[PDB]
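A short worksheet on the structure shown next.
Missing here: one protein chain of the complex. Every other protein chain is in place.
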Amino acid sequence: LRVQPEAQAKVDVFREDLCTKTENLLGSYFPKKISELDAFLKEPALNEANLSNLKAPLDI
Amino acid sequence: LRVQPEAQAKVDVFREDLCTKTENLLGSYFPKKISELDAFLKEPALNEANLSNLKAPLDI
Amino acid sequence: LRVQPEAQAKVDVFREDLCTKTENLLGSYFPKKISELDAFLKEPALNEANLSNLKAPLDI
Amino acid sequence: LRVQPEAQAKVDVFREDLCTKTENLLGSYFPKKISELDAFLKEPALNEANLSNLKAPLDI
Amino acid sequence: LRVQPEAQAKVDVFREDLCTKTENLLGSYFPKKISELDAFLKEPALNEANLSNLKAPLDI
Amino acid sequence: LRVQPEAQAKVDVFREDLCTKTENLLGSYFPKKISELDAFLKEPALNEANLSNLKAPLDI
Amino acid sequence: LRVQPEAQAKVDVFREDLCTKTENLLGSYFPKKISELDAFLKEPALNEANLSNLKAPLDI
Amino acid sequence: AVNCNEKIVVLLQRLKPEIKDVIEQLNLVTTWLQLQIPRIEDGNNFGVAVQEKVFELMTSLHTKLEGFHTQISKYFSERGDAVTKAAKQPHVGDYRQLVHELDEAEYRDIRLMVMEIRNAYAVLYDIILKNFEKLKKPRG
Amino acid sequence: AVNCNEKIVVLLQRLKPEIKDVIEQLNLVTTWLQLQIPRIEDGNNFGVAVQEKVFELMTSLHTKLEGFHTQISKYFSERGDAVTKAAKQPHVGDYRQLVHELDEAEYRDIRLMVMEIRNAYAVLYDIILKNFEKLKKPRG
Amino acid sequence: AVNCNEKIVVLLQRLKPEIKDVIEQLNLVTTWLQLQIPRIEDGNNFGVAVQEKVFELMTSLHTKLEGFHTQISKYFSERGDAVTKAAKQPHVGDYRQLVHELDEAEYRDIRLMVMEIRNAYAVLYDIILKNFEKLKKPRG
Amino acid sequence: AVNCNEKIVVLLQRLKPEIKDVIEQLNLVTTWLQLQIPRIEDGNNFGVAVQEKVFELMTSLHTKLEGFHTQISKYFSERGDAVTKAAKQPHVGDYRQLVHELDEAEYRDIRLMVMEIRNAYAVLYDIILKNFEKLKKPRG
Amino acid sequence: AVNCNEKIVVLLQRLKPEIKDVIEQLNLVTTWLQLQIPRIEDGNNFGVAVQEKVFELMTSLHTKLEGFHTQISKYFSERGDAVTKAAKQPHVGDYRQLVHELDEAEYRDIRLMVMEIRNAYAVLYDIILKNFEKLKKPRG
Amino acid sequence: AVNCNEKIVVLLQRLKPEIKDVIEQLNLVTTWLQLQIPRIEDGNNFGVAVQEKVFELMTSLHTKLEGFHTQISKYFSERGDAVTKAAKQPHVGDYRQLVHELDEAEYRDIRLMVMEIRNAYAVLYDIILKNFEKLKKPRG
Partner (left out) sequence: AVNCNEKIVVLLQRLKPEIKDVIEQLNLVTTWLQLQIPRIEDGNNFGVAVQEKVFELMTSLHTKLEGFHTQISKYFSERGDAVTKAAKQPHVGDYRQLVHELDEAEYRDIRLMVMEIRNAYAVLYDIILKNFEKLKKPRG
């Protein structure tokens, strides 16, 4: 099969960008997200004992 | 792959918290819940012979 | 894994009650129910030749 | 396992009744039903060439 | 198992009738139906080039 | 099994017709249809860049 | 099987066109599309932090 | 008033009981068979395999016949509804034809259900008979 | 009043019986075949395997043909409904075309249903014939 | 006012408790059994295999019986609706027949459900008994 | 009145027949093939294996193509309905857009259906050709 | 106004939190377990096999328990609807019976849900305990 | 009048054509591939195995992408409906939020659809390239 060098080049570039985004995901974004969300959970908004406090008015 | 000391640290922390919560679930929370629920069931609310005692007024 | 003796106890208790309930199920409850229901079936309520005797009014 | 003599008896009775009902099903009821239904099919009610004889009034 | 003489007979008859019906299906009915339907298909009713000839009136 | 001479003949006839229709399908109809449809696709009707040219009126 | 020369020819032509379109798809169109789409994504339209900017009026 | 198609109503009056009969016998027979299943042991399971194959049959027959019961109420409901639309849209003739097509079909089904019931008793009797030895004594 | 497509109504008239015919013969043949199944034994099951393969075919044919029976009522129902909306929304021309599309389709289906029934008889005859020896005498 | 078919309503009153009973016993027994499952080990799993087979049964029984509970509300709902249409379309006799078809069916089901519950107790007792050794001590 | 999209209506007019054609040829070819299946025998089943693999293909093509037939009526129905709501809710512009989205989509489908039909003839011809020897003489 | 069945509303009030509790613990435990899965290696996978079997259980428990959450809103919706019809069709008594059948059933379900949640904690604790060695150190 | 979300409408305008493109190329490539499948022979089927694995991929891609086509009409339909209810029930604020949630979701999907299309071209190019030898000459 004949893949002209400039076409293969378009692919190689996508492929490098992807490797880069991925080394970054593993080495930083993922550990960061795990920490952010873990905090969100430990937050008060996501921690209500009384769900009746959550109760919204239904004026009828 | 390069996982940064601080980023790895975020993960190590999560992974420890989870182990701790889990040793606690097994060694205490689960045996506790099994007992609580087992009692709830043996309670009168969840033990009615006559369900036509459960009968609620309609009025139409 | 560390399961304190009191937590293990909650479990041991649940586990005994269940064994007891089960010896009773097999040795008595089941043979009893098989007989009760077998009788229910042989009863007239559950034995109507004419289902047009079962016919209920529909005034319209 | 302890199955009381009176409880085992309830079961033994069911299993005898069932064996009897079954010897009868095979040796008689089944051959009987196969013949009855076979007859029903060969009957005129279940044998109409013109289904436009089956046509029921719809006065609108 | 005890299958009385008259009951087995009921069954034997059903199986004979069925064998007969089947020798007939294969040796005649099937070849006949294949020919009838093959003709129906080759018929004009089932062969219309213009389906806009099939078009039915819809006055509104 | 007894398949009458004329009944077997009805079948033989169908089977031959089918073989013929099939030699024709492969050797001609199929190569023909592949070409016809291939042309239809290369046609303008099935080739509109602006689908907003396809846009039909909705007077409301 | 007899496939007429003009009929086989219709097929040969299709099969060639397809091989050609395909060598072109792989060697060029695909690397091209991967690049185009990759760019579209990196574009502002497909990159809005505030989706409340996306908010449309619903006058009622 | 538009009444039910008498002819079919009578056929239904004869069919419903036959259905009730198969489903019950088919349940006895199945129970009898399950109670015949021996202690799970390491070897000598041909007879056990035999019981499992017959059982497969009983189970399809059940599946098949359980439907029949409900297809009857559906008829009156589907028809009731056709009659009603036919009435509300007297200009639409397809609704009058629908009712008639429903009757014809209910008639053709009844014949098929009687046919499929006979066939269950037949096939069941046959299979239980042929393998009685192993169904009753899977090991000897 | 808006009437049914007669050209079609009559075809349905000739088809319905042909359908009833296949489903009944296909039921006899199947029962015959099942009744031919021998005592479950440890060895010598080629014949048995042959009966199982034919059986598989009968079963698809049944599955396929059973649908035909109901696709007919659906036509009148879908159509009755199209006519009604067409009528209630005379400004919407798609409802008028829908009706015509239903008729054209019902016409094309009928032909396919006749075609698929012929084919069932043919394929069935053919397979029962080729393997009659084993279907009738799986063991000898 | 159109009332419920009482002949049935009372039967429903005796059945419902029986259903609640099986489902609960069937849950204890299952739990007891799961709690009997031994540490996953490399060899000696016949007993484990035996527990798995009984388990399969308990699970079907559950599946089967769980439906019964809900089929009861459906009756009143389906019936309530039939009565309502019957009433709103007094000219349509099929609705008046539907209600009666529903009652007959609910009657025939109750008998079946009582029959299928008895059978559960029987088959369960039987199987737990025959294989108790291994169910309780899968390894010795 | 709101009329059908003519540009499409004519395309549907050329497509429908093409669809009817494939489904019928595909049915002949399949029958021919089934009729080619030899007596079930113990050895020498490679050719049989070959007929089974071609068969799998015919069967998918059928499944795929059977859908096309009905997707056409759905267009008019879906469209008829959109136009109606658009009309009843002239303030809701999405309904106006929906109608046009339907047309565009029906257009993109017709092209795909013509494309997938051409491909069926191609792939079928190709496979029957390559394996004709065994499809016709599975054993020699 | 027609109010909710209070006896049930309070039971629901105590239940909802218990459901939220299992689903969360069950999620932690599952995550803990997956994080325990070792690098995929060519040999020595018994421990890995053990984790996979426990995992299977956790997964069913989840499937089973996730439903409970939603079964509660359905109660108020199904009930709200029954009252409404009951009200709109005061002549139809089945709607009043239907309303009461829903309460009885919700009462029996709550008991079953409490029963099935206790059982999840039990079964889970039991299995994690028995196989802790391999769940934590699948290879040594 | 309540108009569509333009920002979205234009994005859809750029997306639709991209979808049409993948589905067509993916259809050519697939046909090419099938036409590459060699005569079914007894040995030497590795290459054939290779074509079968690539084919599996093309097939998922197709399944995945075919849905995109229709998700676009659904947006306008779901939205049209939300606006209508919002309008008819101006006191219900959830309908006003629903409309905005639909837009936000359609926006997030478009991005995902563009992302999943780029990815198909990539994955496809990649796999056809790596195994071209065998896809084109499965036997040599």
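General observations
Labels A, B, C, D, E, F, G, H, I, J, K, L and M are assigned to the chains in the order they are written; within every chain, residues are numbered from 1.
The definition used in the following text is that a contact is a pair of C-beta atoms (placed from the backbone, for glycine too) under 8 Å apart; a residue touches a chain by one contact, two chains touch by 3 or more.
From the options A:1, A:9 or A:41, the residue with contact to the chain not on display is A:41. Touch with the hidden chain on the side of chain M covers residues 46, 49-50, 53, 82, 85, 89-95, 97-98, 101-102, 104-105, 108, 111-112, 115-116, 119, 122-123, 126-127, 130-131, 134. Touching residues on chain B toward the chain that is not drawn are 1, 3, 11, 14-15.
Summarising the interface, chain L meets the missing chain with residues 1-4, 9, 16, 20, 23-24, 27, 31, 34-35, 37-40, 42, 69-70, 72-73, 76-77, 79-80, 83-84, 87.
Note that only the chains that are shown with their structure count from here on.
Where the sister copies chain C and chain D meet, the same residue numbers recur on both sides for under half of the interface positions.
Taking each chain's centre as the mean of its C-alpha atoms, chain C lies 29 Å from chain H. With centres set at the average Cα position, the gap from chain H to chain J is 20 Å. In whole angstrom, the spacing between the mean C-alpha positions of chain A and chain I is 53.
Touching of two or more other chains is recorded for residues 1, 3, 11, 14, 26, 31, 34, 38, 51 of chain C. Counting partner chains per residue, chain I has residues 2-4, 16, 31, 35, 83, 87, 90, 104, 111, 115, 122, 125, 129 touching two or more of them.
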